[PDB]
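Asker: Now for the letters of each chain:
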Amino acid sequence: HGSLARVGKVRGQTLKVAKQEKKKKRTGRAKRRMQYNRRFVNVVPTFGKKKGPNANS
Amino acid sequence: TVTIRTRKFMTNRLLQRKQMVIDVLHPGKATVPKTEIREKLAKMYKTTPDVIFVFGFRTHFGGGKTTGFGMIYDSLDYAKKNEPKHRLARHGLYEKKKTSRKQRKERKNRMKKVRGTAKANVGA
Amino acid sequence: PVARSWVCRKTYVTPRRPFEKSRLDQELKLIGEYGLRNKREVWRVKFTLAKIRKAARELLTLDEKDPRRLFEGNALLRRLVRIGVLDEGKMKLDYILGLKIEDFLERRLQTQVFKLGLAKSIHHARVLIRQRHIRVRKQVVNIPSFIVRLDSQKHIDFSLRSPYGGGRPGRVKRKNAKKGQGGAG
Amino acid sequence: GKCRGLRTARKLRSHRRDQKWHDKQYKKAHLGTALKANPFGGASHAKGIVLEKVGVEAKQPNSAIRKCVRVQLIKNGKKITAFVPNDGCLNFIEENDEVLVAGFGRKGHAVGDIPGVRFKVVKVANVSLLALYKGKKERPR
RNA sequence: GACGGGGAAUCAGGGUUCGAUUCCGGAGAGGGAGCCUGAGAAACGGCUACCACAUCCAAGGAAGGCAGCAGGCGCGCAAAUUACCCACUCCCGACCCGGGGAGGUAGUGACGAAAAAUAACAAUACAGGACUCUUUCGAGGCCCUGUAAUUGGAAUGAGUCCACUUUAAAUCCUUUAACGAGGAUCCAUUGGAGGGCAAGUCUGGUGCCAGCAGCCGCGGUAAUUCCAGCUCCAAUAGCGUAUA
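Residue numbers (the deposited numbering), protein chains in the order written: chain f, 76 to 132; chain Z, 4 to 127; chain K, 2 to 186; chain Y, 2 to 142.
Just so you know, the hints here were simulated from the structure itself, not pulled from any lab data. One or more hints might be untrue.
To be verified - Some chain f residues close to chain Y (C-beta under 10 Å, calculated; not the full set):
1. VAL82
2. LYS84
3. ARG86
4. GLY87
Claimed, not checked - Derived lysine-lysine pairs resembling DSSO-like cross-links, with alpha carbons at most 30 Å apart:
5. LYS12/Y / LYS94/f
6. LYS25/Y / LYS91/f
7. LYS40/K / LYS106/f
8. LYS99/f / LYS174/K
9. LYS91/f / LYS124/Y
10. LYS98/f / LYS28/Y
11. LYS25/Y / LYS94/f
12. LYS139/K / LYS43/Z
13. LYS32/Z / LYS180/K
14. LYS124/f / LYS22/K
15. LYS84/f / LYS137/Y
16. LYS176/K / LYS98/f
17. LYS98/f / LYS40/K
18. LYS100/f / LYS22/K
19. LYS91/K / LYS68/Z
20. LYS25/Y / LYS76/Y
21. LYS22/K / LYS99/f
22. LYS79/Y / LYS28/Y
23. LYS100/f / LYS30/K
24. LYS176/K / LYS116/K
25. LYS121/K / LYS98/f
26. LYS138/Y / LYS94/f
27. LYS124/Y / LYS106/f
28. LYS47/K / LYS106/f
Beta carbons: idealized from backbone N, C-alpha and C, even for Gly.
Using the sequences plus the hints, can you model the full thing?
Answerer: Pasting the structure below:
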């Protein structure tokens, strides 16, 4: 407990996890090429409502 | 295989020199220095390789071409008379006193502080 | 009082709507099909097309048989037919407005190398141009946004100082050859 | 317009000038009172020394309090009240320390649920609050 | 919170705002005042007195005006080297020869503008796709499209570095030999992900607390908005914030 309005309480008692070592991301011309490919030539004709890029329902 | 083609050739009786624009073709190598240009212009124009004064060589983007200026003088006296001093210093017949502007200005002010014969004495 | 120029201008205009859908769709389609790097290039081509269209509109609001109209309109028409976006059968003042962004982006050096038949893809074409491999009339070009003319299209080939058009090999060929000489010797 | 005569320009100009002065944004933007009452004095940022820390409360829709400091500027001597933006950034500030205050978003207007506060703290002890909050720089000891 | 103008930003059409600032004209060298010389000055890198400020001194006296070029103090949110040269542009003088912080050169420089790296290709991996069929299986997959840290050979550039060029002498650019990339660690950031407004009814923690929020509003012990991880979105060597 301590006090109600403690300055920096939630960020102070937040759990601390580390970053995961991952492969680097392409940037520049190849990023737009990958975006164009994934958005326009890997698509299938579907119906209803189009799924979002981050949809995880 | 370094060839030289001339351009805009025009002679002056009033300057006793011939101005022209030099186009140098050196494909596959670096920029050629000016002294082989001087001997090659001496060979093609049948002149001694000491009155030819060249400068301003810029290499085009890509490599292979170089455009610059060059003059051919009649004799050494005309080459010594109407020329800038830095080209003569580049060819090695003129040299200047090794003093900066700050020393000259301070010596001039210190000489201005006094009057008379001692003006030369204070200037050392 | 210094001897400078102080003359410069922007070559692009940002759109009014920052987050739209269809506009971003055709911009992404143009970037992916022409192998561009960012939206600044397609906005620049759109800006210069808009300037040409604005000049054509303000000359088309004018009346006929005006000598300055005939003069700088013929100047604009000869520029547009010498750049490669217009034809001789459409040498008219209204046919400038029927132009597209495809016509201006098709005279880019990248797609000209890609459609000429010496590059595998358009990104490979940009890599090939950027690494000093081609030349246009005895002069190499280091950049992909070199908008060619109609009279200079048939002169594009590989540069002399390149391993593709006949010349000294690169560094990995020589390094692997030296490694092979060391292993065999 | 109302005057449609060919020789009616002085009347139209005078009426437009009077109705332009009889406005709001042109009225604050052309007198010296609205800029004289501004503690910044027509400036984007200002410096001053923090005297104390006050916990100002929110409005009636929501129940929280806002951590805030009081600043006495040096350019004019006025005393202002500036909000420390982020979470836990009040602990980087102590008494008798200099800060760089700025506007808070709506050009001299209370933003959100904080009453009577029109300024925010950008930098403290000649380093930004964002660098201290993200753990990039450190307070000089 | 006025030097004026030529002009600048925005701009269907009209309009609004700015113009201390390299060109032209005017004014001043702390502020007023008076004057010598000279063709031309009420001159201040000329003089004479006042006040304010101010330097040295054996204390009788003497000497000043960086709103010039560098640099310093104070001030404020706010602005660079106590460098080199008369070679280029011109100017003054008895004068082809001397001088010029006028000027030119480099340093500092993310005010801003233009161009433009951070990857491409090939065979397997495996999701589909067009052509008569196999109705719906396999295949021709010869012709593709795409990405998985599967693999191998070609490439050019930053940076180090003979030289050459440039230059008053250099430096920068260009040219050019010797080196110089596989997770090519030679590793691209800035703001977001409820609506406005492109983009997770994901996971864990606090629980009207901490805080987010330009505006609606979000947090009350199952948060799409807080605090962290994953994923995604907008621009890209650029992005966000505050004031006219």
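Asker: If a hint holds in the structure, say so; if it doesn't, say that too.
Answerer: Hint by hint, here is what the structure shows:
{"no.": "1", "hint": "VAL82", "verdict": "5 Å, holds"}
{"no.": "2", "hint": "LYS84", "verdict": "8 Å, holds"}
{"no.": "3", "hint": "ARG86", "verdict": "5 Å, holds"}
{"no.": "4", "hint": "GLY87", "verdict": "7 Å, holds"}
{"no.": "5", "hint": "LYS12/Y / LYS94/f", "verdict": "72 Å, violated"}
{"no.": "6", "hint": "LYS25/Y / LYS91/f", "verdict": "52 Å, violated"}
{"no.": "7", "hint": "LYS40/K / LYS106/f", "verdict": "13 Å, holds"}
{"no.": "8", "hint": "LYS99/f / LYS174/K", "verdict": "28 Å, holds"}
{"no.": "9", "hint": "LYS91/f / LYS124/Y", "verdict": "27 Å, holds"}
{"no.": "10", "hint": "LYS98/f / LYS28/Y", "verdict": "59 Å, violated"}
{"no.": "11", "hint": "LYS25/Y / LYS94/f", "verdict": "53 Å, violated"}
{"no.": "12", "hint": "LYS139/K / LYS43/Z", "verdict": "25 Å, holds"}
{"no.": "13", "hint": "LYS32/Z / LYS180/K", "verdict": "27 Å, holds"}
{"no.": "14", "hint": "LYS124/f / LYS22/K", "verdict": "15 Å, holds"}
{"no.": "15", "hint": "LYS84/f / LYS137/Y", "verdict": "21 Å, holds"}
{"no.": "16", "hint": "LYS176/K / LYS98/f", "verdict": "29 Å, holds"}
{"no.": "17", "hint": "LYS98/f / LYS40/K", "verdict": "26 Å, holds"}
{"no.": "18", "hint": "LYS100/f / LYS22/K", "verdict": "25 Å, holds"}
{"no.": "19", "hint": "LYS91/K / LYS68/Z", "verdict": "41 Å, violated"}
{"no.": "20", "hint": "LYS25/Y / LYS76/Y", "verdict": "28 Å, holds"}
{"no.": "21", "hint": "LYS22/K / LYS99/f", "verdict": "28 Å, holds"}
{"no.": "22", "hint": "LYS79/Y / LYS28/Y", "verdict": "24 Å, holds"}
{"no.": "23", "hint": "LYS100/f / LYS30/K", "verdict": "21 Å, holds"}
{"no.": "24", "hint": "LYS176/K / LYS116/K", "verdict": "33 Å, violated"}
{"no.": "25", "hint": "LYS121/K / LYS98/f", "verdict": "27 Å, holds"}
{"no.": "26", "hint": "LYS138/Y / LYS94/f", "verdict": "20 Å, holds"}
{"no.": "27", "hint": "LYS124/Y / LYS106/f", "verdict": "36 Å, violated"}
{"no.": "28", "hint": "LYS47/K / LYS106/f", "verdict": "22 Å, holds"}
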